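Asks: Now for the letters of each chain:
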Amino acid sequence: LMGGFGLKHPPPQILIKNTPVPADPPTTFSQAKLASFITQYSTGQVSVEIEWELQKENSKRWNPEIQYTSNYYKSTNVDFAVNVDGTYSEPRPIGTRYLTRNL
Amino acid sequence: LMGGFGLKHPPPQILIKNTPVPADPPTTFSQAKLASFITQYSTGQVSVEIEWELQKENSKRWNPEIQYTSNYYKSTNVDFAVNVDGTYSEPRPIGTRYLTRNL
Amino acid sequence: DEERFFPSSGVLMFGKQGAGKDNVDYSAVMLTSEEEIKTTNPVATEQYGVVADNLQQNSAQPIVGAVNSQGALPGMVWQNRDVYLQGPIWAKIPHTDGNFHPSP
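Residue numbers (the authors' numbering), protein chains in the order written: chain F, 635 to 737; chain A, 635 to 737; chain E, 531 to 634.
So here's chain F without its partners, still in its complex pose:
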């Protein structure tokens, strides 16, 4: 209901964790689980690749269809670009429905 593709077997969940590395234990045995760990984090790169199938537009319509367009008029910032401070923004929602068909 929010949108997209319903899937019985969707892309799986990918779960990641830093393996705990404990600090030095007491040197005399204790049954209690070790609560003292070395503070750690991890970084890296993630790459994802999707292949999408397209359904081409066969329409025989004569007059030109509505398209998604960038505004021609001048502005302080480019839409879908970083600003002076360096942060990226998306100025508007872009839906997918522009070309037309007959019922």
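For the record, the hints were derived by calculation from the structure and aren't laboratory data.
For every residue, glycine included, the Cβ atom is placed at its ideal position computed from N, Cα and C.
Heads up, a few of these hints could be off.
What the hints assert, rightly or not - Reference excerpt, derived from the structure (chain F facing chain A, CB under 8 Å, subset only):
id: 1; residue: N652
id: 2; residue: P654
id: 3; residue: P656
id: 4; residue: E683
id: 5; residue: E685
id: 6; residue: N697
id: 7; residue: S704
id: 8; residue: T710
id: 9; residue: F714
Starting from the structure of chain F, add chains A and E where the hints point.
Replies: Relative to chain F, chains A and E alone:
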């Protein structure tokens, strides 16, 4: 300078004429060329087919490009369509330059 | 035992030969009848049924409301509308993301 493709050997000129059909001649010989003809015209269908080669757009630009779009707002007539009286019109000039490149 | 009643727009209506376009008397039209499907299909004019409108308690007598329109429920079965010698053969299912029982 008006536009388009300069061609040393352009598409040839296609010349068409109704062959003259004279009315009845005098029944006694006269050297003068015959000035009296049957009034005629001709109709038919002409078909022309051109194959155009396309140069695809390789651009790596991030933000969306300007496109040619039909106006979304309501109007009495559709652009590039017939009106109530049945005549076809082109409301505006449409140039070909929309996508962008780097110098 | 009620053949005099019919749903207002709920049945097909054919004209007799020579019937006009506008405001034609009942005598020139020919009404069809779907009564054959009253085995599985609710009657067009009458309600579907009744459901509870409230929670019951010793201080509150039960209330039961009428269901005039009912969408698909699991366990329903029904018959499509009949076809007629002078009626339409086919229709084009619209091209859409979804449909339900796409019979014209």
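Asks: For which of the previously enumerated hints does the structure constitute a violation, in increasing order of number?
Replies: Hint check: 1, 2, 3, 4, 5 and 8 fail, others pass.
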